[PDB]
Amino acid sequence: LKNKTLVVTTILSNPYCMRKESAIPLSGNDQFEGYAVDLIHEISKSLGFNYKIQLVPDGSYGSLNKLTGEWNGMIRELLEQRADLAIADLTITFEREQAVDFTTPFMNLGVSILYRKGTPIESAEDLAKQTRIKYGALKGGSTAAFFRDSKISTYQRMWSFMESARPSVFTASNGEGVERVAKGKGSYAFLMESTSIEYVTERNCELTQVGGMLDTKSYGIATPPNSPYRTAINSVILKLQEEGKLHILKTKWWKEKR
Amino acid sequence: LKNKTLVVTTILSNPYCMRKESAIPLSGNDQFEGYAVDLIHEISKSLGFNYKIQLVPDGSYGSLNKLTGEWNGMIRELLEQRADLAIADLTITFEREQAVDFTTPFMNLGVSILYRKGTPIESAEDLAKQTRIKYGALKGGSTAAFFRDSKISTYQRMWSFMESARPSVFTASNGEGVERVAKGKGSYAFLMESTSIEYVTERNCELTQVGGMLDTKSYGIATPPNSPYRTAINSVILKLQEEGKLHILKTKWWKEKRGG
Ligand SMILES: N[C@H](CCCP(=O)(O)O)C(=O)O
Ligand SMILES: N[C@H](CCCP(=O)(O)O)C(=O)O
Numbered sequence: 001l002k003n004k005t006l007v008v009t010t011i012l013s014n015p016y017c018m019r020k021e022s023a024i025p026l027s028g029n030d031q032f033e034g035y036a037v038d039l040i041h042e043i044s045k046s047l048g049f050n051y052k053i054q055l056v057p058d059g060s061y062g063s064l065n066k067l068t069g070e071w072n073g074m075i076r077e078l079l080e081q082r083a084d085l086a087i088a089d090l091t092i093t094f095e096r097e098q099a100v101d102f103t104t105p106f107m108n109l110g111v112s113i114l115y116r117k118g119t120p121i122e123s124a125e126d127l128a129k130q131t132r133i134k135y136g137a138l139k140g141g142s143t144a145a146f147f148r149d150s151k152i153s154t155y156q157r158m159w160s161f162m163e164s165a166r167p168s169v170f171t172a173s174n175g176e177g178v179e180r181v182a183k184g185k186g187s188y189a190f191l192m193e194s195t196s197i198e199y200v201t202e203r204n205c206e207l208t209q210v211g212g213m214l215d216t217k218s219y220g221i222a223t224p225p226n227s228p229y230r231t232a233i234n235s236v237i238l239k240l241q242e243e244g245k246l247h248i249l250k251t252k253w254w255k256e257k258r
Numbered sequence: 001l002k003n004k005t006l007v008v009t010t011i012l013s014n015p016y017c018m019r020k021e022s023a024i025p026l027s028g029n030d031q032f033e034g035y036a037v038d039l040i041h042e043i044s045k046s047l048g049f050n051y052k053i054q055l056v057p058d059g060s061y062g063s064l065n066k067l068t069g070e071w072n073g074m075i076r077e078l079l080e081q082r083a084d085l086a087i088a089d090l091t092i093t094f095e096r097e098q099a100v101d102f103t104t105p106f107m108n109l110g111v112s113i114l115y116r117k118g119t120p121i122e123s124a125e126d127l128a129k130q131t132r133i134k135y136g137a138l139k140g141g142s143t144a145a146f147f148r149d150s151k152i153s154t155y156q157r158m159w160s161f162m163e164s165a166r167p168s169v170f171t172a173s174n175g176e177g178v179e180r181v182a183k184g185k186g187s188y189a190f191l192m193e194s195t196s197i198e199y200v201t202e203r204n205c206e207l208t209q210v211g212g213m214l215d216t217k218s219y220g221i222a223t224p225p226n227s228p229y230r231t232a233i234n235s236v237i238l239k240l241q242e243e244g245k246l247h248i249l250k251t252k253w254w255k256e257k258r259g260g
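Protein sequence lines, in the order shown, are assigned to chains A and B.
Residue 1 is where the first sequence starts when you use this note's numbering, and the numbers rise one by one after that.
Residue 1 is where the second sequence starts when you use this note's numbering, and the numbers rise one by one after that.
Chain A on its own, in the form it takes in the complex:
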């Protein structure tokens, strides 16, 4: 890895990878900033390679066409050898790990609830046993998928409530869901990743996360299968974690920058 150059696939997603706020055009890696940009910088420092950030062209993380065997997104880019590393808010999942390899996690998370502050609602269970408060998710997102496939009775009942609701509780973006909570006066809760919720609550003091996590998953760096660099990056992630550098990066991007 010393004196090598890697292509890093990523995806625009706040605050992991973002276009910098400057009217002056920026070139190459310089146009981007965020937690993932800083993470690959720290990994490249420890291991001494150069890299080039390329946004994934189809703007997708990676899903499998069960019928055709066809992948899209960042996963496809690794499998086609157009990227050496995928560094993003990319979840380690069973389906993806059949096609690519993942490092140990650099961030942990789970589905949770975004709601208004100062209510009696304390848990998913308080939502499910009632009908006045509506709740939804990003249409066709990973949170919607979790509820669709859950066989935990509480969440199966919640997906049932979600699909049976009219007008529609699903949103076309997470900023639309956040607005629906912010303007809903308690009539609407939004389901998304806990990391996304933290980012929102840092910037909207009337909003809060309700309860804990409804599932447990992680973001890791994905590599082509049997990549010769996964094991070296694993050690770097654990070192950065233990030194507190990942905690600093999270504080920086969730609480300091905007």
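Wrong hints could be hidden among the right ones.
What the hints assert, rightly or not - Derived contacts from chain A toward chain B, CB cut-off under 10 Å, selection only:
hint	residue
1	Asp-38
2	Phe-94
3	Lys-151
4	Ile-152
5	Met-158
6	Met-162
7	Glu-163
8	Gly-220
9	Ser-227
10	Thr-231
Hints in this document: simulated from the structure, not taken from any laboratory.
The C-beta atom is built at its ideal place from N, Cα and C for all residues, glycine as well.
Assemble chain B with the ligands onto chain A, guided by the hints.
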């Protein structure tokens, strides 16, 4: 893996692996129950192997003597070919990753704050900026080591307050720390792993976790370097997670079974 018999090394730790509360004597794997006991059951069903649970013979997780280079604990059992898998509340660490392989995590955790319910204390930063509420940790434990070694200013400040408080804010057991919170009328908060906090707050209805995690870490299954089971077990853990089986196991042992 179909038709082989694996040795699993583990360690008594609530609610991961506990001796069953029976007066009838129990043999073999029968003697044990818990989250980790149920997890190895699930993995063995999927991959089709038999297994023997053996408690680690020195009662240790696995630390490296830097001077000598000797491993102890569950890590030693794997590396001496006396266990095939280590399945416990075993943290994935840099030092261990240099000697063994780890699966992807089956559980995520971090240091957090155990306190009384319904105060305006919301974060470690709120504790650090005041002096009335004292806070401590298990003496000699990983949480205390986390604070000792931290280079984040909040936690350096907390560590300075902890070492200088009189009477000592440190405890000989987590149970002692929990009791100090419970009986303290808000005068004491206890720092420990978020998994331990959740076990307590499920059984102590006046207590809560305050804030989120001050560090990050995970438990994973460890194998000898290059084992042909790491990658098969990785897929099992991810499948169990997504099917909801790991959520069910957590409810069972944290929110349903009390003793063990
Ligand atoms: N975690 C990424 C997608 C991000 C979650 P979303 O913003 O779609 O709710 C993944 O699906 O791998
Ligand atoms: N997590 C285990 C040991 C637990 C550390 P403690 O709870 O005694 O601070 C390990 O990985 O060493």
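Q) Of the numbered hints stated previously, which ones are contradicted by the structure, given in increasing order? A) Numbers 1, 5, 6, 7, 9, in rising order.
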